[PDB]
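A selection of the complex's chains, in situ.
Read from first to last, the chains carry the letters A, B and C; within each, the first residue is number 1.
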Amino acid sequence: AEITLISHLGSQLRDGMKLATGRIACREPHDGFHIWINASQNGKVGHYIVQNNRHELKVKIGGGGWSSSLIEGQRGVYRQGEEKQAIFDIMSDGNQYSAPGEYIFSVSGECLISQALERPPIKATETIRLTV
Amino acid sequence: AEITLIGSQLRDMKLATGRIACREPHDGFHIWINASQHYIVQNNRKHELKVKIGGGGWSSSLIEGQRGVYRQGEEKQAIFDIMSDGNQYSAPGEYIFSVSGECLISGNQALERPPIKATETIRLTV
Amino acid sequence: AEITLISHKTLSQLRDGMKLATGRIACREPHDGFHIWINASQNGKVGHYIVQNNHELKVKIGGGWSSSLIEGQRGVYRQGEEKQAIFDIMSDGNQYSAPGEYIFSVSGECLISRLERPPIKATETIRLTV
């Protein structure tokens, strides 16, 4: 429901290298989070390809306590919890030597609600400028 | 549509294993446990045994409808586990719960629930 | 020992807790906890400060962060062996903001279990522009 993204990069990206950190925060009570990147999926759920702003970069989203998900019917990564905020990373997906410059894309996410469990009516979206 | 299923401390490992098979053309699989919610299965005859289902060719899923885990796929069979959710101890008595599952159909990657649902039982011998 | 700050835009009425800036403290070498502060005038409670325009702004730092003195250094603290921690610079109480810019200098360290302050300290600057 509220998403903050912090940018950090250099061309040599090792696998699982942290490219950007993110935080999703929820103001109303909730059970669980899910997030995703608004880009073409590149293989497994949560892995993606993003274009240079004038060259490509393979990223993935998540980190500890996140794992891939399909939630009516939004593909992303999911983490359980009722806490107010959760941390996540955007990581390099594989070793890659990337062309310098800006890779701009957005991230979305929701604070899931409940006995049923449900997507809230509003999703957050924030844009990040990833600089290589 | 077709499911076959197979100490006092544990963290992390197996408790039962299983396969869901889907004879007809389909797009994915979809399974869960029928118990309170990752689940908590109530003792028979006060303590709470924590379990989870899947195995990570499986993904956390909410379809309609139903929470549980899923896997995209046109193949016939898919294997899964029933594990223990984190470190825990075990009180005596029996533990009884069940596993359901369905062969998902794509309308058109848009996974949807089919008419038939399989359910199998576990009376978990301690 | 590595800090990245971003600022939030918008707009004259700040509500208590409102996020002015967000930061990431990263520790690459193994460690036991984080430790951050603002280089700015103290204002009552430990993680609370006063920053000037060019009108002044009352702010606080943190968010699972605890007020702390470590070897006499005031700041906020969190236990953690994880690689990174996120923090905010927030409005302390309701107040207004004169248009203009407020410079926040933030410092931080990766504490080590044997608590001890390291010999290396990060320091970064972000400007809140109103």
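The criterion applied here is as follows: a contact is a pair of C-beta atoms (placed from the backbone, for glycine too) under 8 Å apart; a residue touches a chain by one contact, two chains touch by 3 or more.
> How many copies of the one sequence build the whole complex, if 3 are shown?
Copies in the complete complex: 8.
The working rule: only the chains that are shown with their structure count from here on.
> Could you state the distance in Å from the CA-based centre of chain A to that of chain C?
It comes to 25 Å between the two C-alpha centres.
> Round to the nearest whole Å and give the separation of the Cα centres of chain A and chain B.
The computed centroid separation for chain A versus chain B comes out at 27 Å.
> If you average the CA atoms of chain B and of chain C, how many Å lie between those two points?
Distance between chain centres, rounded to whole Å: 45 Å.
> By the touch rule stated above, which residues of chain A touch at least two different other chains?
Residue numbers touching two or more other chains: none in chain A.
> Along chain A, where are the residues that touch chain C in the complex?
Residues in contact with chain C: 4, 6-8, 18, 21, 23, 64, 85, 87.
> Show which residues of chain B lie in contact with chain A when the two form their complex.
The contact residues of chain B facing chain A are 37-38, 56, 59-64, 67, 70, 109-111.
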